[PDB]
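Given as structure tokens, the chain that follows is alone and in the form deposited in one PDB entry.
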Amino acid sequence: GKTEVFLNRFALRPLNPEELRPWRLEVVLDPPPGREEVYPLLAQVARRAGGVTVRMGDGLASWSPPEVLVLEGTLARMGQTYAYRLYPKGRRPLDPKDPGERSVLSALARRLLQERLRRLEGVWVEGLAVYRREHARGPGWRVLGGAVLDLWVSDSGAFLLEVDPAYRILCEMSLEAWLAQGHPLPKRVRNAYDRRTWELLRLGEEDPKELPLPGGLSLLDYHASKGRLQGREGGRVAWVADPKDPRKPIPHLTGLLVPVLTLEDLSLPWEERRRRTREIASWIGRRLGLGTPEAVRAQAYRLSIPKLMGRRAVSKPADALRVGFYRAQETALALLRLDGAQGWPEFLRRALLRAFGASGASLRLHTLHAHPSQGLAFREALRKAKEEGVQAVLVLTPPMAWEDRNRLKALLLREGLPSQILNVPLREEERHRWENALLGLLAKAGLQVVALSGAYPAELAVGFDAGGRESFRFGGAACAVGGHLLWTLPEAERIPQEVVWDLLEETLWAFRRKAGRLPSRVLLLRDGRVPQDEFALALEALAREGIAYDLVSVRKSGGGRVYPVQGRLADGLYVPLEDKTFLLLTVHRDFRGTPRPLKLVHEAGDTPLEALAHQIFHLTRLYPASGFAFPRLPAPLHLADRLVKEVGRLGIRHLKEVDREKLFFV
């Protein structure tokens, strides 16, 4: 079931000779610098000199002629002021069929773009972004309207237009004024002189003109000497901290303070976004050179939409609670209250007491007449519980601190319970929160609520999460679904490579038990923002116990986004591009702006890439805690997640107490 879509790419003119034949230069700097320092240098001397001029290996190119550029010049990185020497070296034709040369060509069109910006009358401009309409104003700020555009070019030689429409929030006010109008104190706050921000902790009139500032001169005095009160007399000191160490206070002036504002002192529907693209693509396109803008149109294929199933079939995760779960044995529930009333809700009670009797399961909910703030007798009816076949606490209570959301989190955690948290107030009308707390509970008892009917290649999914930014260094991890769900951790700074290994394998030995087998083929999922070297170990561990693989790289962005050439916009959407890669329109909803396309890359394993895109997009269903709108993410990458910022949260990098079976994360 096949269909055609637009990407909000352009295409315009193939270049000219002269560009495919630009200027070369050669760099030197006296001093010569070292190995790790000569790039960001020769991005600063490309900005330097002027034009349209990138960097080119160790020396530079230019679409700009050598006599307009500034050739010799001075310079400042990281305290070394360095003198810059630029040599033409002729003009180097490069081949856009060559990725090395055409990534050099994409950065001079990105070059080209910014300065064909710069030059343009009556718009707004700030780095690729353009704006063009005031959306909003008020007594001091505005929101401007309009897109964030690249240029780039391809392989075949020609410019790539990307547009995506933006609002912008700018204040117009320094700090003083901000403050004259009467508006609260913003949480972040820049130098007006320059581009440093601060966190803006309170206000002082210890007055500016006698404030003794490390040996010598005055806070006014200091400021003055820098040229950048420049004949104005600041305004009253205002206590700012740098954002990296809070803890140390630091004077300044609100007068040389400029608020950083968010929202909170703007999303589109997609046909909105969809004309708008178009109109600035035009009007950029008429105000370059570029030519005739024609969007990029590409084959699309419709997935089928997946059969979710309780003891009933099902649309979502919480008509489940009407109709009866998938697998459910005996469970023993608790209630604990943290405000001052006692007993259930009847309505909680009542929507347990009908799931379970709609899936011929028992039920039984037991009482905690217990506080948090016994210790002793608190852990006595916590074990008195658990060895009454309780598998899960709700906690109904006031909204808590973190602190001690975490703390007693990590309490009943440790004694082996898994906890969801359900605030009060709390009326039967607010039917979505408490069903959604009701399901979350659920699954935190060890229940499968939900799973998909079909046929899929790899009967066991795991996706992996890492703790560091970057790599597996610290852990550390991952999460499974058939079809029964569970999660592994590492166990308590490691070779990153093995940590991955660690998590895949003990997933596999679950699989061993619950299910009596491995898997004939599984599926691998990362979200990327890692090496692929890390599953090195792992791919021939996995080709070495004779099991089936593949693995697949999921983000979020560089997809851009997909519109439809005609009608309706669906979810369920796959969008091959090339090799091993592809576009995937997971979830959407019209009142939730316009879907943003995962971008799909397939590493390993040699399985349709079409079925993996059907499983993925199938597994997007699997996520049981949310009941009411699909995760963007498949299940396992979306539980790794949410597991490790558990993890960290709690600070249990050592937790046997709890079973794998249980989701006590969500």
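Between two forms, the rigid core is defined as the largest C-alpha subset superposing within 1.5 Å. Residue numbers count along the first chain shown, from 1. First, how it differs from the form deposited in another entry.
Checking 202, 302, 555, 433 for C-alpha shifts of 2 Å or more between the two forms, after the rigid core is superposed, gives a single hit: 202. Once both forms are fitted on their core, a CA shift of 2 Å or more is seen for residue 72 between the two forms.
Once both forms are fitted on their core, a CA shift of 2 Å or more is seen for residue 29 between the two forms. Residue 178 is among the residues whose C-alpha shifts by 2 Å or more between the two forms once the rigid core is aligned.
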Contents of the next structure:
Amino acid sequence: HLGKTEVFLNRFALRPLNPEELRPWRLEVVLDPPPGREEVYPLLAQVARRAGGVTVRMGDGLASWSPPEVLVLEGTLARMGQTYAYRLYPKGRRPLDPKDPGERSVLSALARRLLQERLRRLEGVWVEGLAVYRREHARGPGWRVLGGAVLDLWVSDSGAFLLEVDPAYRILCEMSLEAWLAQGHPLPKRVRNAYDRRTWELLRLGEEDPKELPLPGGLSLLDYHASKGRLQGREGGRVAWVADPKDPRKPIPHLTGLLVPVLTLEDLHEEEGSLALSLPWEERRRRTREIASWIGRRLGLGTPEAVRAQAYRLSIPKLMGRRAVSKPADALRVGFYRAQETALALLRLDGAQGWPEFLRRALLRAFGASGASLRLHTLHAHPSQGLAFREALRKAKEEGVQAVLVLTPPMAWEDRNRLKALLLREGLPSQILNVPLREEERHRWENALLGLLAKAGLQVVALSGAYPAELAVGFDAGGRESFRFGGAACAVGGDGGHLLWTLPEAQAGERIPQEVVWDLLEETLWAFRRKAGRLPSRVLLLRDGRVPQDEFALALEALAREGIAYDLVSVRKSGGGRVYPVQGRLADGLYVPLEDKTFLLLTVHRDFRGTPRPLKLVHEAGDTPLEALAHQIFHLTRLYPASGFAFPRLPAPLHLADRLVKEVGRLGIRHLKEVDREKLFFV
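Alongside the form deposited in one PDB entry that was just displayed, please also present the structure of the form deposited in another entry.
Here you get just the chain by itself.
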């Protein structure tokens, strides 16, 4: 490292727990009927809530900061239709030691419920769970935006309250769908009932009368809702054709008077105005302090003391094209890290002629600097020819074309997806560049160029340094359906001079089956074997999010058997809180060790962006020092080739894995058979 510094977390030390709070009441829970296996925990949480006071689940029972006599000790629960009778039996009170982890966990849950409960009786603040919104940040015709904070409250091992505070905004609609449309506002993309929290997707807006509309049951829309007594205080307006978010293939009648639009930033782009909800970190730190003080004051918890942590500045990563670069885009001028002779094709959908002179010039320039030969083909064919177009594609692929650039006006989602999938089935990855295009838009088309090159299989940049792991692979799950795709991507070589993806697998949920984890890993090992002519001495395993229990067990045992060292790191995009400099400036490359095997990592930060959200990492397995892992992950973040001016927050293999399973989730996996693993089709 090149310097240890000091930072604030967005945490605050408050008053010590009083001697009553350290000795909570213990209660035994008795349910009739006794719940089933899968009901016990939700029922325990529910009874902890029905009890009242400040009580939480403790093991099979309850812990409370309220004595039992001021609790609702007897009552009834409803759960999925079934009714349960409950009674709570006082079992004395037992001291909890903050020095001990589990007991501290109980004290912390109690603290959280404390925060919730005291927030509940504030006036007149908009409270939503653990969020509190005081000020009004912005208003408008039928809409307003509130400003406040998301909060949390737990217990330190020294026995004091720790308050986490992070400024937050909240968008609220005040008028119904009918009233909303009565202001010249366009149709919102989403909407919810007024009687419950269920939401819909708003499509058309029919003109059929609600008192003469055949509802799948006999009665009409209008008196169907009137029977439920929904439009008594309300008033049904027009007919709105909504659709289920999980079943959009079945339009449904509804009443504009019984709907309330759910407002997003693209429902307020009309007003434009300003609505910048990102905060400069100085302002966010200020708001954090102010809010922390307010909360500590109104809740009788004392004056906040901003907590401090020792941070370490990490070595600057050394990015390489043919020469050293500061950004991946500079490889276009200097040359790529590695380049074979390549053949790119051009597909024009704007009816215009061949290659734009400046794109051609830039490509020739970059390949000249790389000392590699270039072939610019032009696709003289159009998708509206039908299968003949596919024939054209096949001929292009046979002549050595590796990827094609598609110049087109903005395409609709479906047409974009369909075109890319089609090109994929003929083994051709595609880069789209939108066709109102001027040479002055160099960021857009240099990035398009970079993506194009990554898709042809080139490595535009690489890292220079000594790293513990010679192979780094990321795992993620993606897809917007009942099922998901679990996928892996990798950087092979200490330099990261080879980026590969592997064929994903369909899976029920977020957890990736052990066999699948291993198989993807074996594919990446095989990539390494094929490039280096040996097995890697050490691999860095990067999981997006939490690592489900034993998910990597089989793969880790397999690695052990082959004599390959490993590190498993959980990389969490949220839950890391915030970090602020005690000193002057806030820079990235920041490494903040907290617990053992778990640390924070500020990978990316631009001042014109808001406040950075540091990654939270847990070293789940392996014996590599935290500092080395942080070092390599931080540098790997700089290895991504398809973003020429801004580095991703995630290490390249995870970013890649993510875009891979996202794209497979969109297009489907059926198109990927003839696409080379070296070609990053999904960037």
